[PDB]
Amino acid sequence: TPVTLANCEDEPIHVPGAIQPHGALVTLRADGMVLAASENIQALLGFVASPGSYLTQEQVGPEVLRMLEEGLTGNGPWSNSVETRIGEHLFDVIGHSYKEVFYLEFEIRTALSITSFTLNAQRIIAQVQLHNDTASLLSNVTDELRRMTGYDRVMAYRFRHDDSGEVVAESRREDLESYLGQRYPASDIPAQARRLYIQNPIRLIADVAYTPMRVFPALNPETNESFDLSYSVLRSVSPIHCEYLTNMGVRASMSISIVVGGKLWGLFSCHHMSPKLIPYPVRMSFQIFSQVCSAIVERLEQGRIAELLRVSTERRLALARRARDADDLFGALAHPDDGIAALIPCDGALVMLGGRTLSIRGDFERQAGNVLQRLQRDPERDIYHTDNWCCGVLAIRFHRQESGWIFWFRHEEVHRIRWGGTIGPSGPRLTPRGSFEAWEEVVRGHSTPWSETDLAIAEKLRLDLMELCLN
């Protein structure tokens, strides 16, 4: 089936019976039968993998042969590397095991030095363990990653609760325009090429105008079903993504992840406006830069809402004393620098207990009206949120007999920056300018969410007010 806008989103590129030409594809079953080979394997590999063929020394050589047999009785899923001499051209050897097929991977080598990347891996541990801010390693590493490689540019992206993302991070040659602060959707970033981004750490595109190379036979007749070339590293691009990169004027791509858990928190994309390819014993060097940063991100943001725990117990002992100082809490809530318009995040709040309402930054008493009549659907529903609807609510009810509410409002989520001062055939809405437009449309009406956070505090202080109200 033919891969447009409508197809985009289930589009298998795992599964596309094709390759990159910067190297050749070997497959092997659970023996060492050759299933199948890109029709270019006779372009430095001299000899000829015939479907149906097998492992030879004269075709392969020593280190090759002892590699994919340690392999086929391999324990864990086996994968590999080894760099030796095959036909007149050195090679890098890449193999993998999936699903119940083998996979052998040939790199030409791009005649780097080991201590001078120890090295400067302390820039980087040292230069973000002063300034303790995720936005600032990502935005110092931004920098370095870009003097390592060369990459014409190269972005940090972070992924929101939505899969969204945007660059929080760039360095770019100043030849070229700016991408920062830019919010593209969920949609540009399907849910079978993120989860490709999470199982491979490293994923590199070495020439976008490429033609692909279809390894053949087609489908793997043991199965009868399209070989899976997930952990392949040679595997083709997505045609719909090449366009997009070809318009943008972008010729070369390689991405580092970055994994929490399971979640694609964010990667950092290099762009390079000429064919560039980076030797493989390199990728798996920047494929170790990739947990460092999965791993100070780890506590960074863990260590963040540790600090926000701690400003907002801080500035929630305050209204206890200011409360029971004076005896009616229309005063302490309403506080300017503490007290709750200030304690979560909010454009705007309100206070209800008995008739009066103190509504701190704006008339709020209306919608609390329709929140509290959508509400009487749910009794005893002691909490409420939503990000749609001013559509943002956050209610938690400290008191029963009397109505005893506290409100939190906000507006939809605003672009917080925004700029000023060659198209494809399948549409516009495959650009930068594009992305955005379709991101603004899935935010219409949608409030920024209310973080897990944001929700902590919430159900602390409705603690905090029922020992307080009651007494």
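Positions refer to the first chain, counted from 1. Rigid core here is just the name for the largest C-alpha set that superposes within 1.5 Å across the two forms. Compared with the form deposited in another entry:
Just one residue from the list 224, 73, 118, 274 crosses the 2 Å line for C-alpha shift between the two forms on a rigid core fit, and it is 118. After superposition on the rigid core, the Cα atom of residue 131 is displaced by 2 Å or more between the two forms.
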Given for the second form:
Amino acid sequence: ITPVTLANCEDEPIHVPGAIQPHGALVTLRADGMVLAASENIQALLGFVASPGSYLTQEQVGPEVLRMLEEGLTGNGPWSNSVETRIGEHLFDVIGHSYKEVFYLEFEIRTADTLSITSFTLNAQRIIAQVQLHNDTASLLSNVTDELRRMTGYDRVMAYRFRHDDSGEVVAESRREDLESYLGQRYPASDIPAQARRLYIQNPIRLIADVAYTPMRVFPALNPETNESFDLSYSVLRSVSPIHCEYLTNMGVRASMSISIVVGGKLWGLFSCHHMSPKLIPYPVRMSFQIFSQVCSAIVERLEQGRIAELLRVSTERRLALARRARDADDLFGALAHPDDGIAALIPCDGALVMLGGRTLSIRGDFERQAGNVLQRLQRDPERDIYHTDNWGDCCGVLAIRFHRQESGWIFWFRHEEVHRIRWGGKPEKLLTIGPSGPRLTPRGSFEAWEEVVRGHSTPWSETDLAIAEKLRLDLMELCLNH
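Could I see the form deposited in another entry next, after the form deposited in one PDB entry?
Partners and other molecules omitted; one chain follows.
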């Protein structure tokens, strides 16, 4: 019965809302096919009253439907299927699935004049051609963002990248003129709490037909079998958190639809479609996106590792240049401090320090004091050959490696505090009408929430950055020992 406030919202059970969106009806069955619960609108949408204890009957739901249901009813492992069928006055999409051991049948009115197979195929071809045309991982995102809008007619579609700390960044955008831009927006991991994030990962597509909707409750609330709520995780019609709904209306959005990009076990980022008026996307089309989601995820994965590959390649090429120079010139300092192949170019940094013997070369600033303090901190830890941190002198980020012990051969890279890369301003943008929860649920409030998180922090060191440092360290050890 608990109200969901700003304090609660992190722990909101959004998977068991026990209600569904109004653009469809829902019937929940148990293993034997016996009805356990239904949305309060089954009668109003489909001509009949589903009742707990009942079993579904032909042409109160039609034949092919039970035909489908029986197949999944007798199959081990998460059944999933859909049928198209006429029930009374209308034809329906009857998407059905089984999660836990409860079976779900979802009913959407089908208004499309097209054959489903071809509608599905047509859109799949169109939206994944965008995945064959681009080598830049960012062109991919940018282009499919522009294309998703062309296909769906959404007012605004955005592409979101998720950082290491699960903070988001709007990296692409295609929007109707009128609308303010959110390009370069940054938001915290708290604006998509655990359960919501778990769900985007498990579900390629989420659709919100109308944010201003009144939910259609499924009765009864609790599954008699367990005396605990129905887990609508894989339910297409599952209802929305009032918090998110308030957020979206603060923005002035009325319909959403998001396509996930999952790589590893991580939500790599999603495409979020917004509309200013309510909007619906037919089932077969959503399936076009679902399959797309899986392929795009695959290509983004490769494109990303193709990116790291090239980073490693030019790094070694520079380690080669470095090895070449060092042996022939015989001062390392000159080699390391080289403007372009220098260490400052090896790994993205705002500065670097080279330190062998008693001599100190600070390149791109005065870093001698910091390096001294960092080194003192490592006093307590004589065995550390590598040190790094984004919390901390005057530079937040530090990556230090040791290549000579006795003569204190050290290398440092430094990073300043992370800064909002792109920022809007210039003319006060319009007044958002703000709900009861407060300004926290506006983009402006989200950004501020993000600042408070990152400030005091430099950008984390790449998986890649550390790998390079490690290779460099090996190089110099080799050199110093060798000659």
